[PDB]
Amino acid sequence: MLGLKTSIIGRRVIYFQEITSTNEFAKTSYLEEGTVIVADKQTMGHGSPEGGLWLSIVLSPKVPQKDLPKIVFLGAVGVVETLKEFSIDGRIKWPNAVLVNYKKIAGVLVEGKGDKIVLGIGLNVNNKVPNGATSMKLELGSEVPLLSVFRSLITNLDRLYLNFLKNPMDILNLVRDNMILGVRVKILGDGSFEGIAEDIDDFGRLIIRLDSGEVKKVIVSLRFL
């Protein structure tokens, strides 16, 4: 009854009033490629109250092993395109987040269970959000039809994915033109360091120029300074 017109993503949709995790369900259940798992709320979300868009998409891209790490970008760019349709300007915080005026509005989590890949996306729409974060509702000043957002996002993801299967390098430039670059960041963890986020390379790695001139490639906890 949803009348989705997508080719792969959205061929089937499994909706839950409540679920522990859409990613976990997608990983442990046999599902046809393109199956979308969506829930009103997730009890055990990871990286999800009522009002947000919480979903996972089952993919099985028969593409080279090296571009597998690009699936996360499909999710982020998909979100950016959807936000634009709703008059919101989202920017990608490498490698899995979308911010609006530096406030997080969405997050992406990709897991490769077995031979299938699960693309998880969490987008704040009408749900309450933690201080520092934002939502489509807070940006627009009014409640946004959640199903309208779902339809828009699924449509964009199906298009991006079909093209990815043919021209897998295309997504990188879309990410570049929509990500936060030219600013100082810090990579947390052992061997921590700071520098300018210059660009992403052909593998999707973040290229950091340290003040010494050294160039590092990040394949991760990132912080804007």
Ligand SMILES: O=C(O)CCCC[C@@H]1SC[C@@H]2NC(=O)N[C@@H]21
Given for the second form:
Protein chains: 2
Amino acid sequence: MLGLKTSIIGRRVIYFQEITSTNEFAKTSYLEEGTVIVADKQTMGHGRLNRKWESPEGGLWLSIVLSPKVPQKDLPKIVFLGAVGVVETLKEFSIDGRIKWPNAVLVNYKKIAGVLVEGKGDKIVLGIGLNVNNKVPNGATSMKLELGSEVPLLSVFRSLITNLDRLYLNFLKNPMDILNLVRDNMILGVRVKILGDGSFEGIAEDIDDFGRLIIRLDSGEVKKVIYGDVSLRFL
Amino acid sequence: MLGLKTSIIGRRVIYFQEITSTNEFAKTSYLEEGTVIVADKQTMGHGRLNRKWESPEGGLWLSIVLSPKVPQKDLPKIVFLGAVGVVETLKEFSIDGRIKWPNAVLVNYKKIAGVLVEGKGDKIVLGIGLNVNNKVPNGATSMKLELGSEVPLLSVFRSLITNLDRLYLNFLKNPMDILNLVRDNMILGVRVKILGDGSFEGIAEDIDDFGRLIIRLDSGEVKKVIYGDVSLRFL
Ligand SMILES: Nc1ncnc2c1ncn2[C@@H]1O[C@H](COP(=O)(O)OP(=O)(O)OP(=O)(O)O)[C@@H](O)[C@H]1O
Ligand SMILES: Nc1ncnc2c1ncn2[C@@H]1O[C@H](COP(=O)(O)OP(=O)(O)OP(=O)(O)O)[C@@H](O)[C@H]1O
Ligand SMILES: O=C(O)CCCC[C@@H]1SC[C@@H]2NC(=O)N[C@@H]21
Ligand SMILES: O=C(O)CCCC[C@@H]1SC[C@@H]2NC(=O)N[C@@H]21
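Could the form deposited with this ligand bound be given as well, to go with the form solved without this ligand?
Let's see the whole complex now, leading with the same chain.
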């Protein structure tokens, strides 16, 4: 009854009034490529390292099952499809979303969305949490708060799925294209701090051909960051 | 993201751009009670017996998984929940539908919807096909044709699911209530012919406490028709 006209993403959609986590359901269940798992609310939503992700009613909490036929070296780029898709959807609603490398989107430096990719070999799950009309934790924002009025949640869903389908289809053809879109919509030229096994500060210059964040430290040393288990903090 | 407020029917919804048959999928797949299977188009949609059910884009083709904890003798009334739900939804859109015992809804004697109940294991599958904006076979009709304008498909879905959830919840407690709703909304007092071996004609008088169609033959004999492979024609 939804009438989606996408090629892969959105071929099937499983909607839940409530779920533990769309990412967990997607990783666990036997699902075909392109199936979207979406829920009004999540009771156990999470980000990286099992950190809690607040998922009250009003927001867009979904996961997409992907089976990309691409070399191992290209899989780390899937998170960017989610980040860019969100930025494109936000621009459609006239919201200035900017990417915080490599899995978040901010509006005036406040987090409005997060992306979490999980994958075991053949199946890759692309999880996206976007604050639309829901209450958010301090330090975050939502589409409603930015526009000053409620936004039709289904319209946001339709917009995002359409954008993601296009981005994904092109990714399979030209896996490098997404990097340019990330560059054009990411926060750069400002000081950041990388928190991993130890830490360091510097200017976030750009992302390289592998999607690694290029940081120039005050000494001039250049470091290439692979997100993994590191956190980026703005100064 | 659909924000359904129903109690049982609609707790989960599985949407397909395209499917063979929502009834077939619902029967062969493990699904919790209340799960709704819906598709934009069915390639192998079917009615009773071995007859095709045209399911092009624009219509509402869905199946609902139920596992009613009620006496065995009440189970045959599930088909009526579907028929009455359609009638209630049609009224909301200012269309007057009448039930053609035991599984169809007509508008000015033109078929606008059909109901098909099947069961695998101890789960019951309630299938409903309603013509909304889609083209229909000659002699049939649709919400669009009756209103002279496009009808928001999702609005029809929301309305129908809401009515069905209410009807089902009450059915679980008061399984006889549905019968009076059918009586007040079905075509009675007219001549009909029951096809097949031992065929016969008479006046469709009412439905009894089991949902059987009561027919008075010209001789005065009264026959009780159970709704199975029953083919009925208006004379
Ligand atoms: N609904 C929400 N909207 C915005 N931020 C949220 C929401 N729920 C939780 N958070 C915050 O997001 C964090 C998510 O975990 P995680 O460290 O994996 O995020 P990240 O995207 O990798 O890093 P960052 O929060 O710096 O963008 C939580 O620790 C919490 O501070
Ligand atoms: N989209 C549709 N809208 C209305 N009628 C349809 C549609 N697709 C098929 N039909 C008609 O509905 C019939 C469906 O099969 P089935 O015999 O099981 O229905 P039925 O309700 O028992 O028949 P009837 O109401 O005509 O006595 C087909 O034989 C066909 O004539
Ligand atoms: O910012 C992050 O660290 C990532 C957050 C990812 C949130 C989404 S909500 C849909 C999906 N289900 C989950 O449990 N997590 C992701
Ligand atoms: O009038 C009839 O004989 C019954 C038609 C039932 C049609 C619906 S469409 C949704 C579901 N899937 C099917 O293949 N049939 C039912």
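Basically, rigid core = biggest C-alpha set you can superpose within 1.5 Å across the two forms. Residues that one form lacks are left out of the comparison. Residue numbers count along the first chain shown, from 1.
- Once you line up the core between these two forms, the Cα of residue 191 ends up 2 Å or more from where it was.
- Taking the core as reference, the C-alpha deviation of residue 114 between these two forms is 4.0 Å.
- The two forms, fitted on their core, place the C-alpha of residue 144 0.4 Å apart, compared between these two forms.
- Core superposition places the C-alpha of residue 132 2.1 Å apart between these two forms.
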